[PDB]
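Quick setup: one chain, the form deposited in one PDB entry, written in structure tokens, and binding and motion questions come after.
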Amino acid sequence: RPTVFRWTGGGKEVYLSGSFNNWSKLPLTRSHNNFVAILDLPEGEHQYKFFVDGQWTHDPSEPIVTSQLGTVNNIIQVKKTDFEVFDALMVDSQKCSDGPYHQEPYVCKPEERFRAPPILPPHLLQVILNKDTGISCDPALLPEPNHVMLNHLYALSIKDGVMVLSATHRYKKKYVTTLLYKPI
């Protein structure tokens, strides 16, 4: 399985040594700023160091491990999840993370807020039932709706104690605009 060893820091000559190569100096090839090596490594803990311009150093962004004597080596855990994309993305998602339905009203603001509600999108003002059909065709037929208007409630003004509600819903690749007449 491929494992990346990148040196973000500066230098003219950079080497890599670890438990995987019996602590021997391996020369890293440089691009414009990065010194990299991609090695095939088995699952488990791996200790490593960096030899930059004749001096021993380590990457501060990677986990630190100090031995019984005092040498500082970076530790990397090669896991089974690291080989497959969707498994690696599942581990990365739960790492970022590290409620129920209630009848309690929400407070106006953490700190006093005059913040206004979002401006109504013009697409929702395109009422499908206010539009004319065209006489030639079946009166039940309607034009193809915008996906954005789906599930939204539309209503008529209450007249003679009866309220009328409508909404456009999807069934597979088809759309139904149901109307309901019910006394208020």
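Numbering follows the first chain given and starts at 1. Take the two forms, superpose them, and find the largest set of C-alpha atoms that agree within 1.5 Å; that set is the rigid core. Compared with the form deposited in another entry:
- No residue of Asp40, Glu45, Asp138, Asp53 other than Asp138 has its CA displaced by 2 Å or more between these two forms when the core is superposed.
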The other form holds:
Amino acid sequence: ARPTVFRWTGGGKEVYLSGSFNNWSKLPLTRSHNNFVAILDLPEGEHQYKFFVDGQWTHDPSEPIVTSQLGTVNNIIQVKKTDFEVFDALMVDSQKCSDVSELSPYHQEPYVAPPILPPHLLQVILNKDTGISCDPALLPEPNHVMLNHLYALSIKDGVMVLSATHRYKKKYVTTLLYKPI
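Next up, the form deposited in another entry in place of the form deposited in one PDB entry?
Just this one chain is shown here; partners and other molecules are left out.
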């Protein structure tokens, strides 16, 4: 219902898991080639745990710790509602990255070799002929990569001519603008 992974990567011969959830009993973990793991069903909230590796209590560095009145040091886990649905978990996770982005704005200040032009941008949709039998407003299907990009005709008379191909749902419109300058 509520799976929680307990994984030990630190190595050893035998690893046991103890915590508030099993009354500090030794739960033997199974090994893959390196990892010792256990997947338990835990309700939401705080859960205290500790690993027992080869006769010794071992601190998990990948998690926070808590210290009791009598000096017992245990690792601590938070099981949140957001942990049990991908998109909730992913939304929480991105928020932590955005929070980190803040710790590390439109303006008018200039900056303190440029990339080679993609050949695709030189396949000009308005330069290619379409064949006399079809409706003259029709065009071939555009490559997605040339959409939103600006094409122009050299200024002739006092007129600037501009065009671009834009998407509307699954259709494409190539607009031309005749603008005096």
